[PDB]
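Form solved without this ligand, single chain, as structure tokens, below.
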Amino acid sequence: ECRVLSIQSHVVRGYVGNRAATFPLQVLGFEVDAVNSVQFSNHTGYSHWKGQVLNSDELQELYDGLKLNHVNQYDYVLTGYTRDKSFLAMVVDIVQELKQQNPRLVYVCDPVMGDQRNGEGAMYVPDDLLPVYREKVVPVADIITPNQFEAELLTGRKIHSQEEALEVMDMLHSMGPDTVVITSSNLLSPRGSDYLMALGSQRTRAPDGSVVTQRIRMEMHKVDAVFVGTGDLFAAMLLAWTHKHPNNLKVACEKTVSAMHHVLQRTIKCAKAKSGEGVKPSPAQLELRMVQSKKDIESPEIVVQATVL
């Protein structure tokens, strides 16, 4: 019996935030309680979008309702994109209260702030969120899934190589989370320029005070398209697989990355078919084919091997 409290955005159509995360965890057997931080018609990749947002006060209201009914017991808390600092600070109060009641609670956090869109690096959020992520969110997180840019920002250090990447991940471990996964980087991969390189690290303190650190590298073949909600889907499946393989980051990452590959291959195939030959698929046509990937999400065939570093 595992219950997850997921606080993320919601869209009527498409897959992003809680939409990208709920279905996967449900088919994997987790009980998901979903707080929708906002409700829009579709993601911001489209030309238009309309919806409402929740302020930190409304969030607190929803939590008080769970608390008043004595059902505020969770095994996992999962958060992603957040645009306002009050909301984020409010989330930390919540995570801390819950951890006070369940020391075994695991907080999976995807510190969303930006990327380097093919050599294009800029922020998605107000510069005032970074201090909150740095000083208040990271310290209580158990698993974080930043991309290169977010790892550089959290540590204030820049990554130019695989070696510096590992140092940055160590600095992150020192900030709190025992598990760190850099989901994507600008790093050149040894298998080819067309491969995306991911890196993972899981720290473990031994009884005698010694520290064991499992580090792994992953190389996935790039799909020529820009997807949305990919980081959310990743964080959600990583939570499920790390649960099953608690002390094996290797297998957890392999199962997670394999599933991504299957979902995306099914998505790019359907998008090109729906947009005609020659024509480039539109954001509407590139929405993740979540529902049709059920079997692949439940039991993915492994198609990527993690290299132990």
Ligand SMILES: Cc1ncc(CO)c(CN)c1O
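Numbering follows the first chain given and starts at 1. Heads up, when I say rigid core I mean the largest set of C-alphas that superpose within 1.5 Å between the two forms. Shifts are known only where both forms have a C-alpha. What changes on going to the form solved in complex with this ligand:
Core superposition between these two forms leaves every listed residue (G156, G119, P190, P131) with a C-alpha shift below 2 angstroms except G119.
Once the core is fitted, the segment that moves between these two forms, counting only runs of three or more residues with each CA displaced by at least 2 angstroms, is 117-120 alone.
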The other form holds:
2 protein chains.
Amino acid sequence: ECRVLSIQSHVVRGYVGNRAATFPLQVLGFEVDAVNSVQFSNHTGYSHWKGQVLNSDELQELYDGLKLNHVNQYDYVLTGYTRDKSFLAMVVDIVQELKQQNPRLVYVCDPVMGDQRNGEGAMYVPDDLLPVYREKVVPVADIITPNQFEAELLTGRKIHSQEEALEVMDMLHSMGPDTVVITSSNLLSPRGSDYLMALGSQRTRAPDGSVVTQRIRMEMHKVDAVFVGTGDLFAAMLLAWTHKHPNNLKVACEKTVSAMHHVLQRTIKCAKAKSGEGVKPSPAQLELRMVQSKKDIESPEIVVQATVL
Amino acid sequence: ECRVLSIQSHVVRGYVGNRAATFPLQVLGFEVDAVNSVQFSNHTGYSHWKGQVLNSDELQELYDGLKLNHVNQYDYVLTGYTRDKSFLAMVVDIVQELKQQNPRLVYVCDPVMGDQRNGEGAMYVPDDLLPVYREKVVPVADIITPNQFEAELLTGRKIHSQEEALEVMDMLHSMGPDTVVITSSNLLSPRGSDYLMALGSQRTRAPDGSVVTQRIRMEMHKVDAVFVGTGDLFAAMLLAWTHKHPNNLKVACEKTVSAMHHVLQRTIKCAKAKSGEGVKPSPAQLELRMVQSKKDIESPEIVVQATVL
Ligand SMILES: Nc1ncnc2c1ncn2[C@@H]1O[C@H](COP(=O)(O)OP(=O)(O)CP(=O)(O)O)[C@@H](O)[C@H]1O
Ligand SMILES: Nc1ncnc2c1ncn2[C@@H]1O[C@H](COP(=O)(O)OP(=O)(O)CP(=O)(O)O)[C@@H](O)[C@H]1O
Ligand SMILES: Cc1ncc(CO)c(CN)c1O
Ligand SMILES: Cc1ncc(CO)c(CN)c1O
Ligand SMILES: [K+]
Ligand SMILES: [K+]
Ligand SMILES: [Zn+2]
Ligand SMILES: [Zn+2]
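What's the form solved in complex with this ligand like, now that we've got the form solved without this ligand?
Below is the whole assembly, all chains and molecules, this chain first.
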């Protein structure tokens, strides 16, 4: 009984968008209904790319489809990278109707807007999207996973310290989502530039109306390469694991990251093993070795440690 | 090193076409590049259905895509149900260019045209397709899996006996494919109406230019229900297994069928378990329990026996 309505992009080759969130969620037993928001030959990181996009009407046509056949009832709804403002809107209407359809509907949303680097950040999607995510989308999500950049954008506040971070996540919680995980930061991790720091924070409702707030910090070993898709693979698995541990933003993230590691490490290798001695791996060689990593996606060898508060 | 270019239909919900051939081929480690020939909400067997189709030009646009990025090199190419004559054509041009690209390119083709029943058969695709499959498509395929009906149509000859069958398969081999498996027949199996007979035949080239021809017969236990997708799931796995046993149309089919059984039996059950005591299962309940059957798709418990000649 695990149905997910993943609305994301599809590529014929490679792993990005729905191609990066389906296989996982399936080997881990989730019945994944996937709506391809676009179908391109490969991700836009390649030199060339040809494909088509689904517009707001078309997306609609499909929703209705599932309606007419009374099968528009899901547990989780997962979304990520979108370029059309109008499209994203539609997606909200849907998630809405869909929630009245099932109270315990968890909307896992990766507010994809852009990347940063010490301040030198910038959106890679139209700016007319920031308003929707902030005003329409985020308000209804129940689990968001933004960048440092992305979280800074939504909150309109820049992060300088870890404490400021935890306070930017609180501003998020006060936006709707009871789960917020800043998948990666520029903050120097207490273990050196070699690592990558990530921050998580979950809000639970106390039996007396009070507040309970767990917080964590996982430092992952960085990998020297430009990877396309990790944003999607992460959100998927997080959704998976946070289902097994409905109340352990700590336990989940641990598994979620560990696998991310296993995948990336096997990826970079096979990738490097195809350009050995003197050449930078092409984006066509850095694609995620998903299939080859199934073994880990299911039985993740926890090789990280969540630190509370 | 297992890349497949599966050109088939996609549904948001359910398992038919590419949704029925991808998950399998992946859990069994094949890097599957999937081109969705159409994207509908659910298969056309439901009361309603809404969706869009990819035309010949659009399909082209994607091929080129993989071209410009020099990644148009696959091992296997898998196709099935197509409704557009023009579309199928395109698909041949591609498979062609693609074969010059890699000699050992195996084109696995399921010549989907229609179903039969003692003679009362009829195509469920435009008749303007029979000519292409017979003249253009089949000539280039290296592994076809037709119906009794479908094989009768291609050969233009009706099957009455088992011997006539083996002779209809020979007429196929003489069309191109060195592998032909009539996935199911009306021929009474030597074990009663309760079973389903299927026939396989592989042509190998002898080291002296002579002829070697293995032949088999597997009787599978029938299941009392109308299942959509089994045609696709079969072709996938056959492609999988006939890769491990490049020369044992016997060994392969055994595994291919066994799993088909496991899937169908678990499917019918969960399906029946949702309409218990007095109601016929809806097509919305008969969908294939794919995810739930991964365990078998990989470790198929051989519960059948291939009979040579
Ligand atoms: N070069 C790298 N080294 C280590 N981990 C990396 C990595 N690239 C990605 N990751 C992993 O991917 C996850 C999310 O990555 P990140 O926070 O960079 O994504 P993002 O939101 O910028 C996504 P994208 O840019 O791909 O859309 C983290 O768990 C992180 O460990
Ligand atoms: N009702 C049933 N009972 C037993 N096996 C069945 C079945 N329906 C399908 N199968 C299995 O599916 C495989 C192919 O089925 P079949 O020959 O009926 O397909 P087909 O080419 O008519 C496909 P479709 O009509 O679904 O496109 C066989 O291996 C067969 O065992
Ligand atoms: C088409 C497409 N989809 C999804 C992503 C990332 O989630 C990328 C890479 N920007 C992409 O090019
Ligand atoms: C859209 C679609 N694709 C594929 C198939 C069978 O391979 C069906 C069922 N006819 C279907 O409706
Ligand atoms: K993120
Ligand atoms: K068939
Ligand atoms: Zn991202
Ligand atoms: Zn068929």
